[PDB]
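Chain by chain, the residues:
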Amino acid sequence: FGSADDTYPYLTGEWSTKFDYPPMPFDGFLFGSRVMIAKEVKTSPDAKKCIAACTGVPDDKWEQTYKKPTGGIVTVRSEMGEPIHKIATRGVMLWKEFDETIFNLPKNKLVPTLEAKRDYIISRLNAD
Amino acid sequence: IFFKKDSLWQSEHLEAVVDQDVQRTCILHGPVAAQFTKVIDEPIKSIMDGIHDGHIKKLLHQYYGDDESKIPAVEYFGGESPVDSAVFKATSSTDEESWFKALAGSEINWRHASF
Ligand SMILES: Cc1cc2nc3c(=O)[nH]c(=O)nc-3n(C[C@H](O)[C@H](O)[C@H](O)COP(=O)(O)O)c2cc1C
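Taken in sequence, the protein lines are chains A and B. With the UniProt record's numbering applied, the first sequence closes on residue 898, and no number is skipped along the way. Going left to right, the second sequence walks through residues 1027 to 1109, 1123 to 1154 as the UniProt record's numbering numbers them.
Excised from the complex, chain B in its bound form:
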């Protein structure tokens, strides 16, 4: 208990380790992801973007013929759970889910989101 207690925080504060010797310290890491971890102090925005951006190219090439015009588009992206002029009168019996889809509209826009 004296040895292993509270022993994660030195990775981030070697100024308080015996003589700032990292070699004394618990650092956590995976053996397989270790090979991909190389570029020091690289901004996180870059690492994440690097992945998404790279996926986007491979995907464009394979299934879009490198033509970005072929990518369908939509007002705003997201909000999907894994599952011309009219009048809706409402009663006790009207299904709530159905009702909102109507007022929502099919086109993805401000009115879609508003409902």
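Isolated chain A, as found in the complex:
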């Protein structure tokens, strides 16, 4: 959610109608992303600029975050392996690549794969 407008049908209870269900009204709404640009969040200048310029995507196509960048946003896994929704910056996409290549591997294949990529790994750190 981001505006009063898209949020309204969930207040009327009219949203649930698209699915042939009785009107199903809600009591309130929370806005997480929508506020990240506000004059008073500590989000850095260049970062607010980055956030805006992300084209969104309808609920129609959010599933694609799992694979490609989708509206400028990918999922990426934390150190613990739980999914995280991040802006698809260069660093984040490296993090995603390592997520798929290096961190992916069994703890047995770790140290060998690192050494065979040491030059590459060390380079991509320094760049992105």
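Possibly wrong hints are sitting among the right ones.
Computed cross-link-like contacts, DSS-like style, restricted to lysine-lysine with a CA-CA straight-line distance of at most 30 Å [said to hold, decoys possible]:
{"hint": "1", "chain 1": "A", "residue 1": "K819", "chain 2": "B", "residue 2": "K1030"}
{"hint": "2", "chain 1": "B", "residue 1": "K1031", "chain 2": "A", "residue 2": "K887"}
{"hint": "3", "chain 1": "A", "residue 1": "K837", "chain 2": "B", "residue 2": "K1064"}
To give a feel for the contact side, a few chain A residues facing chain B, derived at Cβ under 7 Å [what the hints assert, rightly or not]:
{"hint": "4", "residue": "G772"}
{"hint": "5", "residue": "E810"}
{"hint": "6", "residue": "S814"}
{"hint": "7", "residue": "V827"}
{"hint": "8", "residue": "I843"}
Hint data in this document are derived by calculation from the structure and do not stem from the laboratory. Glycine residues also receive a C-beta, built at the ideal position from the N, C-alpha and C atoms.
Put chain B with the ligand on the given structure of chain A with help from the hints.
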């Protein structure tokens, strides 16, 4: 652990990132709410008010015939949990909840809140 450790704080301090390159940085955001996020550096009071205010118009139109006179009113708003002259003598057995509702009054005012 060296890679992913403590990696949320750069979004807010790019002066300490390699060369202030946001493109190196973890920023969190939703794919669907991203489309509604456009107006940079807009005061938070505005964003929130923008939503409430907009809900208020749509609501007025639909169920109030755009007449603000039709909106019922009350002294102060809130304090509701999701669930002319008299004398109350009190005993051991008097229900506390019932008792206060009496002294509270039905009209929402200073005496209602006082009890
Ligand atoms: C940058 C960022 C940091 C967040 N930190 C927390 C947190 O510390 N605890 C929590 O229960 N939810 C946290 N959330 C989840 C939001 O509070 C909320 O559930 C979600 O952002 C709403 O989705 P939306 O941004 O698409 O409106 C965070 C979301 C974002 C984008």
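For each hint, the structure was consulted:
no. : hint               : result
1   : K819(A) x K1030(B) : 24 Å, holds
2   : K1031(B) x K887(A) : 21 Å, holds
3   : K837(A) x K1064(B) : 24 Å, holds
4   : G772               : 2 Å, holds
5   : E810               : 5 Å, holds
6   : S814               : 5 Å, holds
7   : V827               : 5 Å, holds
8   : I843               : 5 Å, holds
The structure is consistent with each of the numbered hints, conforming to all of them.
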